[PDB]
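Q: So the chains spell out like this:
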Amino acid sequence: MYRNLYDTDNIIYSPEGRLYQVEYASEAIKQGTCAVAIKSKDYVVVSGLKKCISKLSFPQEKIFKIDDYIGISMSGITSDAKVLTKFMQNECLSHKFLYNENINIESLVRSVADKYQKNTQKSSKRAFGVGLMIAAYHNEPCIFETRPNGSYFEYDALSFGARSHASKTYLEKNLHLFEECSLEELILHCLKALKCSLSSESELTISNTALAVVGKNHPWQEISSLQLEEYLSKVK
Amino acid sequence: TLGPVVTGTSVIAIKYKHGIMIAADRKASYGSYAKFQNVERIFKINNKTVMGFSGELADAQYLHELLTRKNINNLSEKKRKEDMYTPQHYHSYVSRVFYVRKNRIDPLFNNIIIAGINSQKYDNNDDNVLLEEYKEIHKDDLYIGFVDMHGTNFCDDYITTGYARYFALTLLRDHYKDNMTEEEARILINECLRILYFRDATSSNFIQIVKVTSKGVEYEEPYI
Amino acid sequence: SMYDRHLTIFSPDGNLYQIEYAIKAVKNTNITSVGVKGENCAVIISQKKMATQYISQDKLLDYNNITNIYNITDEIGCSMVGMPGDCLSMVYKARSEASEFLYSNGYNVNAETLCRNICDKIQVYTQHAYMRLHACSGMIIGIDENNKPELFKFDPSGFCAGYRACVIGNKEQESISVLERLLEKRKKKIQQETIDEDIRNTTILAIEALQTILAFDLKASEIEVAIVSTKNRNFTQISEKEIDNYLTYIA
Amino acid sequence: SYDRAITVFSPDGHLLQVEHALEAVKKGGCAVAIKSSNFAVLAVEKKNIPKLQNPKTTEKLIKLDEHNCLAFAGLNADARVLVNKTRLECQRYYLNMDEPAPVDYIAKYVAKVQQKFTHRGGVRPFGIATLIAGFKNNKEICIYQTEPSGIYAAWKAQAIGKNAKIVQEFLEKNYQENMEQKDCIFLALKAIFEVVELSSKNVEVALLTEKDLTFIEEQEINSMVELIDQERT
Amino acid sequence: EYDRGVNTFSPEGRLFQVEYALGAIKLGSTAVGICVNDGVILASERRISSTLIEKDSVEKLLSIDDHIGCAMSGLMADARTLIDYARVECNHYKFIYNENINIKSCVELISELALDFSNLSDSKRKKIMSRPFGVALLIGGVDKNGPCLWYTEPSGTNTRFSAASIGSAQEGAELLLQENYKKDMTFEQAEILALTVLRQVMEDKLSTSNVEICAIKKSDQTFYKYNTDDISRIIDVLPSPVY
Amino acid sequence: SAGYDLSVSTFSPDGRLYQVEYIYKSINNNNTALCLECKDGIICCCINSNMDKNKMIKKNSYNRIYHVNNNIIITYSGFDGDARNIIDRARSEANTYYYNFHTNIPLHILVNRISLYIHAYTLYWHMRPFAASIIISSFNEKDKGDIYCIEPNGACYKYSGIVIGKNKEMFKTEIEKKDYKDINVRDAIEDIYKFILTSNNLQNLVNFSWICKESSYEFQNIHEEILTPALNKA
Amino acid sequence: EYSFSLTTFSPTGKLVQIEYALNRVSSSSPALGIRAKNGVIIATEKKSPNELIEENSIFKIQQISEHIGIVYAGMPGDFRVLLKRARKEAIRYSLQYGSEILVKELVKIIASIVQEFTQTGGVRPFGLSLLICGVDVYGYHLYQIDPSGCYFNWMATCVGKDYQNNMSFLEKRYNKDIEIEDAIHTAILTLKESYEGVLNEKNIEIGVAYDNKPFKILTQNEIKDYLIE
Amino acid sequence: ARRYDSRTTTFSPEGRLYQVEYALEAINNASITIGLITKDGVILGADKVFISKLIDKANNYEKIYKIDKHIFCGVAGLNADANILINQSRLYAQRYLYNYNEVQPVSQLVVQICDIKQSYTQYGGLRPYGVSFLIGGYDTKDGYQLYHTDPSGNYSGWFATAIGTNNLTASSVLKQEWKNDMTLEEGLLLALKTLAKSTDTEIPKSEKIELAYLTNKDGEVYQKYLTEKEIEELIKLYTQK
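Residue numbers (full-length UniProt numbering), protein chains in the order written: chain B, 1 to 236; chain V, 2 to 132, 149 to 241; chain X, 7 to 257; chain Z, 2 to 234; chain A, 7 to 249; chain G, 5 to 203, 210 to 244; chain L, 5 to 233; chain H, 2 to 242.
If we strip away everything but chain B, and leave its shape as in the complex, we get:
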């Protein structure tokens, strides 16, 4: 029940049992933009709202690529995300070199979640305050989420701290995402989550919302600036 004594180290435990040094890093993912991922029966789409610091600057990237079928989208500080996106890329590349099959998505997320755990026990290192929206297709479509502490959750729909309380309720009442075999209706549902969880008096999607699709025969395809704004970003 203190914020001055049990707060200046990762080692100190709070009297009620909390770890205030890693919970502060967990609150860092609630400061960035939003990112919603929808899992269908045979496809997984990832929508990410970018952010413009000024009118002259370009919106920074949010959705990345790890392998031919594995893609992530960070939420939080981007300098720690570059350490995890360069670690996950080297893990999938080493699996294609040491062996010849595709890296198991459950074993890949197990190796990146342990990187968080290693930076939570020592006193010199700090916890990686960044959420990873691991969404891939190996044999069955899967969507994983990590936290500053080691955790896995094979989720079906999510959001990331910006307007998550307005996006979770939209997806909690939508169970039709599984039967929506048509990919065109799935990307509209994923784009509807960003429309319903956007700040007031703000532009909806002016070609600044990254959207990527991965599935059965679809690799980590990045939707160009000539396919989503024509109909996928004009239905409403």
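For the record, the hints were derived by calculation from the structure and aren't laboratory data.
One thing to keep in mind: the hints can contain errors.
To be verified - Going by beta-carbon spacing under 7 Å, a handful of chain H positions derived as facing chain L:
{"id": "1", "residue": "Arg-4"}
{"id": "2", "residue": "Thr-9"}
{"id": "3", "residue": "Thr-11"}
{"id": "4", "residue": "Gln-20"}
{"id": "5", "residue": "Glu-22"}
{"id": "6", "residue": "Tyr-23"}
{"id": "7", "residue": "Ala-24"}
{"id": "8", "residue": "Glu-26"}
{"id": "9", "residue": "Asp-57"}
{"id": "10", "residue": "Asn-80"}
{"id": "11", "residue": "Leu-127"}
{"id": "12", "residue": "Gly-220"}
{"id": "13", "residue": "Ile-236"}
Claimed, not checked - Chain L residues, not near chain X, derived (Cβ > 12 Å throughout):
{"id": "14", "residue": "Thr-11"}
{"id": "15", "residue": "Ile-22"}
{"id": "16", "residue": "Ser-32"}
{"id": "17", "residue": "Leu-86"}
{"id": "18", "residue": "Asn-207"}
{"id": "19", "residue": "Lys-217"}
{"id": "20", "residue": "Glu-226"}
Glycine residues also receive a C-beta, built at the ideal position from the N, C-alpha and C atoms.
Based on these hints, arrange chains V, X, Z, A, G, L and H on the given structure of chain B.
A: Here is chains V, X, Z, A, G, L and H on its own, set in the frame of chain B:
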């Protein structure tokens, strides 16, 4: 190691419609005489993949212990039946450990043959480490690899190692057919092993016919 | 700024407060263990009840597994008290030392030399602020090379003292007076000869020592002893069928 | 400590550890150098107890090579490490590139060493400000000046040490481009506005030219201090 | 700095040493870089207030390679460390890969060096930097895919800017670029725009010895600092004299 | 008592060891575990409660019933990240014992090498101790089973039924009713469901496996068809 | 981050941690050392808390080698670790040079070890003061190692509790030429009536030299011949 | 934890260093050592601090040590931190002979040892050496020399220094009575004169201060003193000055 002191014989691995057929004798020569005549050489490393030795036998247990721990490690995260390590993954691992030793001086003299079913379209999501009819495999899901001591790795329909590469392989490259029956497979291996018993010094009887069908891994002990 | 909580900071009165605080951690578990030594044998008795620490809801555990007697070597046993976390580490640190002595010195280690090496590494924790003190006392027992019984007791600080009979636990301030009085009932006794009655001359006068410190009935299902008697020399632990047989020797 | 960030950032933006080290230069012996056409006369200030410490053990005015003079200001105890780490690289450049170390590289090395200490872990920032007057790759003489923050810059004439503002302000007025040899030391010895002492046993001057450093004897420095007091009245 | 440490998260979800170092990038000389479809033009200030300086050893527009040209801001001593690491990694890239490095990739290695506290790999374990680099760069070049312009911060957030401004007047020069920068501009349209923005926020005049702009053309793909001849003809244009 | 509870290498003046008692309060706020020995085999349970707010996870995704080999299970109570580090240590302990001895590691020695690993972080001054208890159990063919428990700061203890988590004192009173050492393993499937609903809704959030049911005496899955006939009233 | 000196200086110009260590040796059992013309005498009373400890088990007079005897006062845990490094350094000298380790070469090495803990980060100073005595080819010697690290070429001194008033005995009852047998009589008196205690018997351990004879530790019955007078 | 860091290598807001000035005043309360250079040789003075009358005071003293056959110093400060520096100075005095087959000049040994003192106040995070001695010797390139180090490391070459306690009154005696060229006999009484006026006395007690001298007779004899040789020096002091 240094020098193949406990030299083993060769195995013969062929495939058919019901599965892989790997057979070998249980005689391990020590120098110039059969010291041990009751030692197996077809080691099981998975519920669907097996592997065979050749050359040195003492070095072969080191590679067997390295592969049986990977089986238990892979079984620790079996949250689906498709997460099992396919024989192609085991073959690429042995081909990798052989190449790392090739860069150094110690080569670990062996002629490892990895064979098994390279698919997961059959219900086996309940593995038992210690303790009805067959199926028909498309010939593309039956992986049989070979690994030389230099690190040479490849895969064919029939793989013959050691001294039988000059005797059984020539008899196998012209008599092997596609999708043979179960009885035609052992009638060909027993006939090719008979030639190896007459034209090889470090060979004998006590065949250990091991078949990897679509229902598990079996064992037998004929006498020709 | 004054910091008396540090492990390697001398107090203004010339004291190590972290040692005195660690000594109270042993008494906080109130597991009283008694160990005496007589003619060509020595016996260690442990409370074996439970460790008075964080909540341990009984009636579901196994009492045959919960104990405080650990054999370091086949002829050198020991008892551990204090914190249950540091007691298992002291046994493994002693077993790693007794096994290292065999590979580097030929014969089996002595009960004295093992205690001198246990207190040697315990001083490293005291002098260095890197680690934490091991709140774990103990009584090491064993027969030497000269065919004589030895009994040594080590504290959380550096004390390789060794006693002919000692009590470890939470009543170390009053059990000394009752142990010396019960020990005088053997020295100034008849002492006609030694017919290897160690199971009757020591063990009988050892359970009675715990009978005075603990006012309970000392139920046979919650008390287990161990002897390093000569002609056996193997840290023999007395079974359940003989504990109650010796418990009825009050009359 | 050991591998601990000694030089951390203050809550406003400045470096509190470097700001304290830069303040240590203010409580040190002053020094001043001045570049000319093909030579560079240096001038350092010293203070010692009379009838003791005769050769001064060459506190300031240190040689790094056959044509690389150096004069510091600040922690005199730290100059034993900074010069030795500089002179070692002065010979390493002559071993790897087979050419005498130019002043452009030596000054870039001292600024690299001082910046490495205000950025590493478990180290104290070098509280010493220097000035290196040497030769470039061609026959050009450039006078540098490295502050404890790690930033260096060339200078036509510069003065560091105790109260380096008034002495630098006076040098900004009467500095001529191609000053004569006997006239440039007249300006260098005219920098006694800082140290209130007109004795010749406090300022030590030099002269670097033809890739050989020549000092200045007490005889010609006495006739030169004879004109400083007469110019005041 | 009072017993908090370097790696300590704030209750709002941010690092203490990062936001404490972000205030230091607004103290150096101002600079401005403009990225148009025809090329990339950089600009800075030559604060040579002390007349005894050689005015040649101090340059706020260094170079990483012939493709990439960058500016400096904040602590000038810490800028020489990141640039020296950038001059090595970009040149080491030319040995492994025969082509020049991309600005997007060159900025990543510089951004990775400013956050060396939670790293666990090699190539930076030889000297683990304890404090964050208090310097904001203005990296720009004509690598491939058209010319680009990036801007880094000590926080690591490297956002690609079409026209940015760093230095002490980084806020007073942002309003001028946000309203006068056009989409399609040539070199002359960008050279005059790089000087008029440097005239409003400046305590001195735009003479020859005050500005030191440099340009990286798209045809030859080689940076070239503007000398005293080309800088004199552009300041004499004066397309918008307003006061 | 003030200023002594900051680090873990400092001892409190009343003999108590601070920073470790706070860990027990942390595991008493997370999901609970359950493992009780029967006459046929060992059956575990992992009652999940914090997953009641997400509602977007799979029906059998958050599984906290790990294993190291063919017949030894390991569950958690508390931090699911800190305890996963001990899982890889336990799997590496069985692999190291298999290299050096070619035999399955016995349970009375795997519990000692794991308890020392957890306790090793308590002795240091620059590392954070683990915040998750561990339940380790097995069931021999000839000999009966045993359920060990490794709480924080060592202290391994052999049990016969144990519940640790947010309701450790609540579920323990239910197991004390009937002698579970001589009942059955399939009868206990619906028997534990009569404890979760009482002390929390009608959801399939509790995932649980068994180690022995005379079904080759190895670690089985949840067996979905057995979890369907749940006596939701009795 | 885990290695920083804890025994830092103070504004008055003294290591407070060193003076805090001297308060520990000033509250321990007294240890008396007396050199003579034909041998060196070291004595130390053994405070018996009970009759359970074996008098032959605990010791305050150990052997560095066959001719160097040591006597400590203070923390008993810090003595066994300093004794181990004393015997290990007495062997490394005996391995290179075939002769016996000289007292000046031994004290100068142990003084370098106890002083190292005053400056090494992460450790506290040694809470004890030694009394090294021994027969040397350059004559008899007796040194005392202060916990700070310095050593003094003493002649006759005490280091335990009440080392001020008990030391006044040697300021008047000691000449520049005393035999070995006369030193035992003046050593017992410094531990019998200089403290209240109890009737000193079988609780005083004395170490002798006996004119170049190997280091002999007196028994409980051998001291009775001197304790009667 | 980092809360127990005393920050021994951190600057102060006034620019100085805390641990250096704390150790500098720590040696100002220790014994006083006299340094003196004469035409015949160098002479180092000392002052044995009184502990009790049970010290030997005849065979050895803990103030003036020997580094080599031509370099000797007089410790003035913490005696614990000095033995580690004398051991470090003897190694540097022999490492030069092993690496160059020549005697090490005294002007180089001071730089080899002041860098050890300077390095403790630079990194590592440890307390500085609380000692400073009058290290002096004789070389073949510049004759007799005498240097005075400091806990920070800024040494200096001298002619007559009297560091330790009461340095102000001690340096005033050497500032006016030290001639430019003194012989060995007259120089010995000068170091004895400035030492009796330092401890507020009139003549030494003969079971006090110890001296030493080099006086290279082409072989660097380096003769120390005994308790009986000091009696002859005390008699010459009591006669005239």
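Q: Each hint: holds or not?
A: Outcome of the hint check:
1. Among the interface hints, the one on H/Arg-4 is violated; its C-beta lies about 11 Å from the nearest C-beta in chain L, farther than the 7 Å criterion.
2. Taken as an interface hint, H/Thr-9 checks out: its beta carbon lies about 6 Å from the nearest beta carbon of chain L, inside 7 Å.
3. Annotation: interface hint on H/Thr-11 violated; nearest CB of chain L at approximately 11 Å, more than 7 Å.
4. Given the 7 Å rule on beta carbons, the hint for H/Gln-20 holds: about 6 Å separates it from the nearest Cβ of chain L.
5. About 9 Å separates the beta-carbon of H/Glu-22 from the nearest beta-carbon of chain L, more than 7 Å, and the hint is not met.
6. Interface hint status for H/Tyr-23: upheld, as the beta-carbon distance to the closest one in chain L is roughly 4 Å, under 7 Å.
7. Interface hint at H/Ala-24: satisfied, since its Cβ lies 6 Å from the closest Cβ of chain L, which is below the 7 Å cut-off.
8. Taken as an interface hint, H/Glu-26 checks out: its beta carbon lies about 5 Å from the nearest beta carbon of chain L, inside 7 Å.
9. The restraint placing H/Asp-57 at the interface with chain L holds, with a minimum CB-CB distance near 5 Å, inside the 7 Å limit.
10. At a threshold of 7 Å, the smallest CB-CB gap from H/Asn-80 to chain L is about 4 Å, leaving the interface hint in force.
11. The closest approach between the C-beta of H/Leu-127 and any C-beta of chain L is roughly 5 Å, which is under the 7 Å cut-off, so the hint is satisfied.
12. Interface hint status for H/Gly-220: violated, as the beta-carbon distance to the closest one in chain L is roughly 25 Å, over 7 Å.
13. For H/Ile-236, the interface hint is violated, since its Cβ never comes within 7 Å of a Cβ in chain L; the closest pair sits about 24 Å apart.
14. Not every beta carbon of chain X lies more than 12 Å from that of L/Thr-11, the smallest distance being close to 9 Å; the non-interface claim is violated.
15. In this structure L/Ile-22 is not separated from chain X by more than 12 Å, as the shortest Cβ-Cβ distance comes to only about 9 Å.
16. Taking the minimum C-beta to C-beta distance to chain X, about 9 Å, the non-interface status of L/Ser-32 is violated against the 12 Å cut.
17. Distance to chain X contradicts L/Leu-86 as a non-interface residue, since its nearest Cβ pair spans about 10 Å, not more than 12 Å.
18. The beta carbon of L/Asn-207 sits about 15 Å from the closest Cβ of chain X, which is more than 12 Å, so the claim that it is off the interface holds.
19. The claim that L/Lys-217 is not at the interface with chain X holds, since no C-beta of that chain comes within 12 Å of its own (minimum 26 Å).
20. Under the 12 Å C-beta cut-off, the non-interface status given to L/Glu-226 relative to chain X holds; the minimum distance is some 22 Å.
Of the numbered hints given earlier, the model fails hints 1, 3, 5, 12, 13, 14, 15, 16, 17; all others are met.
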